[PDB]
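We have chain A; now place chains B, C, D, E, F, G and H onto it with these hints.
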Amino acid sequence: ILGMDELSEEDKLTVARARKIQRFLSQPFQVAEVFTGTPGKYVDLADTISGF
Amino acid sequence: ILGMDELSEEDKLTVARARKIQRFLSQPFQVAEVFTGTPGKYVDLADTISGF
Amino acid sequence: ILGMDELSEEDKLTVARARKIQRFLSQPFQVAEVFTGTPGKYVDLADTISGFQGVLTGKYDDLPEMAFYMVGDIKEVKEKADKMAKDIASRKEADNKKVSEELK
Amino acid sequence: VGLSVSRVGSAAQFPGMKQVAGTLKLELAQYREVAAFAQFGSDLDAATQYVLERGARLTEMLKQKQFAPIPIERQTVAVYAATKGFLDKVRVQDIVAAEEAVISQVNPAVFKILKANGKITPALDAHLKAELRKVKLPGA
Amino acid sequence: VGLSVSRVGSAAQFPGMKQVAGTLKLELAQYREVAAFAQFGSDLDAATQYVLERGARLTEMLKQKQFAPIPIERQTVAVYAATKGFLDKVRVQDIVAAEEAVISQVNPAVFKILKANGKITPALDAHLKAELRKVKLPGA
Amino acid sequence: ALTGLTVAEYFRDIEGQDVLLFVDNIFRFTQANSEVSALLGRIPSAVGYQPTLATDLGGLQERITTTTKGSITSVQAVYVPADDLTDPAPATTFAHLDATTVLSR
Amino acid sequence: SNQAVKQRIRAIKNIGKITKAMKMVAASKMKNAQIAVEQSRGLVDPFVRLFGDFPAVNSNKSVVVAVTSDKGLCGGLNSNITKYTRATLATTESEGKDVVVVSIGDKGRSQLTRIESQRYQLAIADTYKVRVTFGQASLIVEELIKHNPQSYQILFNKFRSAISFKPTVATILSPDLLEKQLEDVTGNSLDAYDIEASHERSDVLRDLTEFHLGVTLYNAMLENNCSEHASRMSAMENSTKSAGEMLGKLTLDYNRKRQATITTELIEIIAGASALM
Amino acid sequence: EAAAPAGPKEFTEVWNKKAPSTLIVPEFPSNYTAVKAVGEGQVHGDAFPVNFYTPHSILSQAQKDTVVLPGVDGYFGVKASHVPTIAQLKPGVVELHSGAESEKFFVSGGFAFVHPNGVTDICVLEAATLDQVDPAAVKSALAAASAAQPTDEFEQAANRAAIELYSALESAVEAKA
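Chains as they are written, first to last, in the entry's author numbering: chain A, 419 to 470; chain B, 419 to 470; chain C, 419 to 522; chain D, 423 to 562; chain E, 423 to 562; chain F, 262 to 366; chain G, 39 to 315; chain H, 23 to 199.
This is chain A alone, in the form it adopts within the complex:
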């Protein structure tokens, strides 16, 4: 409605971190390599926990 200008920068921090988390959940698939463009990744559990 407004446009992310009236949020006191503790809400803008979690908006930016949540957008980073929203993108970082997406992962290419080795069965969707023929769909879009990308060789698929297999993330380990330790790498997942450390990255998030």
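One or more of the hints may lead you astray.
To be verified - In the DSSO-like style, the derived pairs of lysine-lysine whose C-alpha atoms are separated by at most 27 Å in a straight line are:
id	chain 1	residue 1	chain 2	residue 2
1	H	40	C	504
2	D	506	C	515
3	D	511	C	510
4	D	551	C	516
5	D	556	C	510
6	C	501	H	40
7	C	430	G	204
8	E	558	E	511
9	C	501	D	506
Hints listed in this document are in silico derivations from the structure and should not be mistaken for laboratory results.
This is chains B, C, D, E, F, G and H only, laid out in the frame that chain A set:
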């Protein structure tokens, strides 16, 4: 949003009249005196119209 | 919700032209003249094509909204603005020299 | 007033009332649209304020109380006294009392002329403009 | 909290929990009325900010940790700590770690007299009030 | 509710008094007659109710009147189902109510 | 078809809560701005009693400033003073005067470009972002004195009460270019004053009109900021009204659809069971 | 000599013919002031109206019996029916006297108009009173401000303003009671 003393001199008269009207709508009940202590007051119709 | 004050200016142009053509699709009927009083207008195809083309290009942005309401052509919105405008002053000064006398 | 319709009863009504009710209908249409124009009290126009007070005059004129229906000539004379002048001095409040004073203080022969002639003749609205100026309206 | 109800209500509550829940539910009700307005933080209001911060103090108190049920005297002590104002020292992001810094640090005698008495006594709300200041609350 | 109305109707007819009736939750009267009509195999009307909703309500509510002997007055608790005053059970109930007393928190 | 109406009810309900929050925060910011506005109104009075008030001067160059807002939920404030800006540019112009059009606020360059695209020359914005100070108004006045006009016009909304904002034109004349010429009436009205400066009276008037422009500008964009807050307070109150109207109509519509859903889903069950029984 | 007969009552009569008739006339800053300059009266005796202003404050708008102003030629005192004056003020102390008590307002420069009707309008930017001044930063401020003089003329002006302001401030903070 403005303050209780922001009002006009006539609207404060209506506030002071309605606040004592809505007090006067309350009434002690005859059946409630076994647990409230104050005795109950039956009010007749002419008394209600005249007082209000 | 927000009113028209929050629009862009091309959006206010869109709203003004759309209210104009909304009123301009309205038309009096020759079978509704018995219960409305307004006589009904047959509008030829070339006339309505040219009128709506003119409102779309912008040639009638000066005219108000209610001059388009219940008129036949694009001439009659101009004559209804002429009729509406002239009155905009004519409101009173009908005091006496009446037909409402007591002997004549 | 905007949604209610009777077109079959139109051109089948009282001619004296059909004279006055046309400008009544147009003034109420203008009143509804200048009330829809004002969703807010912040900007006054003083040209729409005239029809915004004439419309609140006519709305107060139109409302009547229960179980007392009014004959058609006393409706015609009251709406004649409302859509014309003769009522601009009462604000919005005393227009019921003003309409009752119009009905009671106007000479009751003019109701008989309006009933038997059916319409308002020139010799009749002459005495309408005459008899309406000599009534005393309670909002002054 | 707004939609949950109990039609027995206050007749079947722990006395002493009854003494703090009456203002806890009122304060949470006011916080729910000013809820979703704490997205304007620099756009302060200075009177709704107190009830917004206290409502955030109280909703982070009521959270629990999954097959760790709490005895009623310890819950009563936690609500008495948070609704009297001892926890405005505390950062709101670690109130859930501040109540192990109330329950484990208050000596286990307040709990025994609150359980056996079954209500808050003037002696106890002097004593544990004095005990609620020698606690090492995680503030910054 | 018919049993309570009979107990009030004796005081109205035979004793000649001004009786009060308290049909607590008239909506539950409607609900129970809806369930009775459903168990008897009847096709339900609008939203889910008995086809006889207005008639099963008017059979109750028309015996609560003033006679030349005395009167029965009803203070019936009303429930509004989906906070919807146009639901057929409160819409049919409000056609009989001569007064509403709203108690609020 | 009954989850679109439910999510529209959710949309209009959160819009109404957003708008009531905006209304209460504008009502709070109007009160904290009224502290600063009524104090700054004092310094305007000595210059308007010393130099008078001369709006229709025959200047051959003017710099017009329309003091607009940054945020746009004001409800017809910036449009009202854009109308007033062109209705003073069509009034004070007399002979072919060069008019420099300036805007203070982002909502001025959006509309003064739409009116006066060629005479628009400067755009001050972001001024109410932290607060308005006199050094800020002084720097803006310095940038207006980079041009050398014979007059200044400041178009702002005078915050009178919480509902009344009147647009105001405040005129500052250049010191001996036009101001001393407008003060002499067969002699002067300024020669009553014993000048107690170091250098000449032209220099003390050159300092005094820069100070008058800075004071007028500071007060102008305090008054306009207070009217901005008190006009957002009424725009976000009518928008909660209309978002309550839309929500009530949507709830009536949703209950009609809920009843119709239960009826048709029950009629399907009866029609399927009557084909088997 | 007055070839443009300007003014608000002329703008409101010329503005009706060049503007749309829907817009009411704009207000002017003369309509929001009350005390004028040329108008009669407004002194009545030994007191006289002193409007001590600031952009962010109104320090006094009462009546005083004498006003000491720190003019650029030197400190002068305004009594009741003073000569009309447009005095540019040096950094110094205004004292508003109202009997035995004296509020010592150190201003940082500005102006001070004594009008024909006896109204004093002191118009300064910053006016600190003398108790909220520290005497510690002014001495290293004068020592440092008497040191850095490059070939810039702008910093010569700013440094001269610095040394005259801090020197007047030490003169008015070491000579108090």
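Each hint tested on the structure:
1. H:40 <-> C:504: holds, 21 Å
2. D:506 <-> C:515: Holds, at about 17 Å.
3. D:511 <-> C:510: Distance ~16 Å between residue 511 of chain D and residue 510 of chain C Cα, so the pair holds.
4. D:551 <-> C:516: holds, 10 Å
5. D:556 <-> C:510: holds, 21 Å
6. C:501 <-> H:40: holds, 25 Å
7. C:430 <-> G:204: holds, 25 Å
8. E:558 <-> E:511: holds, 10 Å
9. C:501 <-> D:506: Given pair residue 501 of chain C, residue 506 of chain D holds - Cα atoms ~21 Å apart, limit 27 Å.
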